[PDB]
Structure formats: C-alpha cells, structure tokens
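As structure tokens, one chain now follows by itself in the form solved without the partner chain.
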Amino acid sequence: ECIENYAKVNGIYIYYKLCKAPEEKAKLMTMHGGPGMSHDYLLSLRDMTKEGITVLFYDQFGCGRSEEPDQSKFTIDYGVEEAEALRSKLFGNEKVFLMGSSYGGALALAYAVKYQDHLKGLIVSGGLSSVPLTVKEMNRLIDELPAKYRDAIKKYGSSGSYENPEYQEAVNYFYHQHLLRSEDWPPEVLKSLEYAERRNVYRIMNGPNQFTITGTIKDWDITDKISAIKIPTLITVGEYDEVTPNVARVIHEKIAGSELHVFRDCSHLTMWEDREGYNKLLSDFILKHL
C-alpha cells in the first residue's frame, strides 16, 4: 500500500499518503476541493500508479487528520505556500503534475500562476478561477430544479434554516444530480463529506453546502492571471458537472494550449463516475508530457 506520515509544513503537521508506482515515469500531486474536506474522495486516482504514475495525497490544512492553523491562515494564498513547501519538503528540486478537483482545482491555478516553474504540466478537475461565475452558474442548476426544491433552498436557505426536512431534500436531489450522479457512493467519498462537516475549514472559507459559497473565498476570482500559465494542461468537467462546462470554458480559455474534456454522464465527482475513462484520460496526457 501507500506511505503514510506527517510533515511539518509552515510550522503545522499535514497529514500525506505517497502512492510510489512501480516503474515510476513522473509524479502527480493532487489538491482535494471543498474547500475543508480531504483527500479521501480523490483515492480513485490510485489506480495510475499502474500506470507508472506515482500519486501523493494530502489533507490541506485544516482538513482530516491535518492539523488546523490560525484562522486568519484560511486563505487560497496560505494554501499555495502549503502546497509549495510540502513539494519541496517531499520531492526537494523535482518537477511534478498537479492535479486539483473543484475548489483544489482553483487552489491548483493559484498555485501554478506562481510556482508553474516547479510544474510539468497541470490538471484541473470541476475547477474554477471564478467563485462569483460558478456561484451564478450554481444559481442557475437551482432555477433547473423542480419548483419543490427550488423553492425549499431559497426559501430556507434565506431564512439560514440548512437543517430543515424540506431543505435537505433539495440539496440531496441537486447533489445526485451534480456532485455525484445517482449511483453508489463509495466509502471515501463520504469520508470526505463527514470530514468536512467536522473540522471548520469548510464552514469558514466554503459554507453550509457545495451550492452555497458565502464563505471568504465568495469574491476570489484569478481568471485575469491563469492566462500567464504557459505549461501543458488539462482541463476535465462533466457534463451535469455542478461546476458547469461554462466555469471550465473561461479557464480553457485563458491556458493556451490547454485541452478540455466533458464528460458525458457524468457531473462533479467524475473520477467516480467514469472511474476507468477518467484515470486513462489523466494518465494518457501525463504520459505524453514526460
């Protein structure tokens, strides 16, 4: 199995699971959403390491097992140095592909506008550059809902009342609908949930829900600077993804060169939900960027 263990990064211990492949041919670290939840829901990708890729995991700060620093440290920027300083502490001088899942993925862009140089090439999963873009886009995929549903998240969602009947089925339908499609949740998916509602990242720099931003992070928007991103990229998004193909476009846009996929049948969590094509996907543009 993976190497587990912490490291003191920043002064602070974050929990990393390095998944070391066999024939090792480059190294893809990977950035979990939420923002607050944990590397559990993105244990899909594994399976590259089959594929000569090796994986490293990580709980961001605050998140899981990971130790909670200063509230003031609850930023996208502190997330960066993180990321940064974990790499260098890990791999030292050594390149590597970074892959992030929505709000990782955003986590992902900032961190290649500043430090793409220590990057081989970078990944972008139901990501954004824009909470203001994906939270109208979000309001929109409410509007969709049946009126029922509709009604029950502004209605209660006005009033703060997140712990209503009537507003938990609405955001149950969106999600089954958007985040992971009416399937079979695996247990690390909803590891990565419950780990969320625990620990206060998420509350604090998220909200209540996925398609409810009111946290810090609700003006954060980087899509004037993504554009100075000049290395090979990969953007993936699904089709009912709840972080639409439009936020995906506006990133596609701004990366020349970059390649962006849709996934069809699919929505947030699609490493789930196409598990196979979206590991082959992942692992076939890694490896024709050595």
Second form
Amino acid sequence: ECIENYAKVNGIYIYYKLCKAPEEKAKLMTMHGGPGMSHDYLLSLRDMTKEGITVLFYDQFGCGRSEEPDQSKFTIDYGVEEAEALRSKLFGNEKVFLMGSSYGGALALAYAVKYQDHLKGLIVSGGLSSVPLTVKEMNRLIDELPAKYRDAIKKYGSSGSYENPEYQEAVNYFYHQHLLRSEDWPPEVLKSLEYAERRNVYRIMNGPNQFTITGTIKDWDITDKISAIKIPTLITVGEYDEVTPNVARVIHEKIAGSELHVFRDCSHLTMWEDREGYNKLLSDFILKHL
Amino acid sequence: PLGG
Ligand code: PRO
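Please could you give me the other form, the form solved in complex with the partner chain, since above is the form solved without the partner chain?
To see the whole picture, the full complex is given below, headed by that same chain.
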C-alpha cells in the first residue's frame, strides 16, 4: 500500500500518502512537525492499518516533496486551511481523526479550534498550545545539561555559531536525550531531519534547531482557545520529551475529558521508541470513539 | 535540524 499523489491544495502542489486499511473503520489524518520537516518520521504509524485504520500522511507547504508557497503564507493559520482543504478534497464530508506530532500537534489544535466539526477525535503527541511555554521548558532542559554543552549553547547560541563543532556536540547530546532516546535512528527520521535542513520552512518558521525557536511562531499561543475543543482527545508525551509533559499538561487542562498519557523511558519521537505501545494506544483510542 |  500507500497511494502517493500530488493534490493541488490552495493553488500549490501538496504531496500525500494515503495507506488504506482492509476493513476500514476510520481515517486518521496526520500532521508532521518541524515546522519544516516531513511525513516520513511518522511512517511508523502505518501499523494501525492492520487495526482497520486508514492513515493519511502528507508533506505540508514547503516541506518534503511539496512545493513552497509565498513566504507570506508561512503561518500556522495557513497550514490549518491547507489541512482542511486537503481533507475535503480527498474525503469530502467524511469526519476523520486528526493526529499531530510536535509542531504538528500545535497545528492540530488550531485546526480543531476552527474545524473540530470535521473530526471524531484529536491526538497530540509532544504537541503544544504555547511556543513560549515550550521555549521556557526547553531552556530548563538546557540548564540540566552538563556544564560544557550548557555553556556551548549559551555562548555559541548567543553569537550565532550554530555551525561550531562544540555547539553541534551539545545539540546532539540534547537530541539523544529529548528527541529520540533509542539507538539506530531509523531512516524515516533521518530523512525528515534532512528535509528540514534543506527546505526553507524550518529556518523561517521554527529557527536554528529543535530547542531554538526564534522563527515566526515564537509568540504563537492558543492556550486560551483550545478550551473550546469538545471532541474526544488523546494527549501523549514522553517522560524525557523535549516538549516536557508540563506543556502537555496545559493542553490537557483545557480540553475537557482529554486523556493524558506519559510514555516512560521515551522522549519526543515516541512512535519509534515504543512503536508497539504507541500504535496500540492510538488504535485503542480511535476504535473507542468510532 | 540535525543528527549528524
Ligand atoms: O521543533 C522545534 O524546534 C520547535 C518545537 C516544535 C515547533 N518548533
């Protein structure tokens, strides 16, 4: 499986991968993170199709295989309309489950705030409703880092030497501590990371790296709006997640009846560290709200 | 963002 095509959304060509499930019981749309990465690192969710869950993957504007629109359209709100236009173009009036990871999570929340009427359930993994809070929390993680790496981030970071050999070394430690904690990073993840460093979305919207959000979404925060979401919601976050469970908590407190699951020994990309347990939890939640 |  997985039909791969080029859907023309909002005037531009958007790449998507739809993996159908035999006796389909539901359609799950997924939102990769970054901003500026690609669907690739989310391919582990493809296992849910064996659970009767069709999964829709797709590269957001300017990401991966999709073309980049005008820079003025590098916004969360624009991504929201893109998602809705794509869901409509491919599924029409059918309601679907929406899953978002990291930035994709934040994008999913903003989507739900406006288009929750097109959803059956919402799933956020390592997502966030507030970038500022995410920054504040990540800084703490930096302070808990060993002296060298902590100073490297501050010195080189404040000067902008992200290319420095020491700074990089610090970034690596942090990553293997809050991004992905397991050995042998799967090719799907590497490709998404490579996709980020190549396109322009990550550098313009996000910033230098994972813990450095100096881009255009630096002030984004819809913590006050996500409380309007009245659909079944599943929130997951790794124990050592770069987007700490503290950020997940805020989201959890606003969405009435939402479930918060903190994966132990996992971090950001929990779908790879605990693939079986992750996919099982997501499929269980989905099938519970058919 | 990275890796190596
Ligand atoms: O990935 C990063 O660098 C942060 C967290 C998600 C949005 N920007």
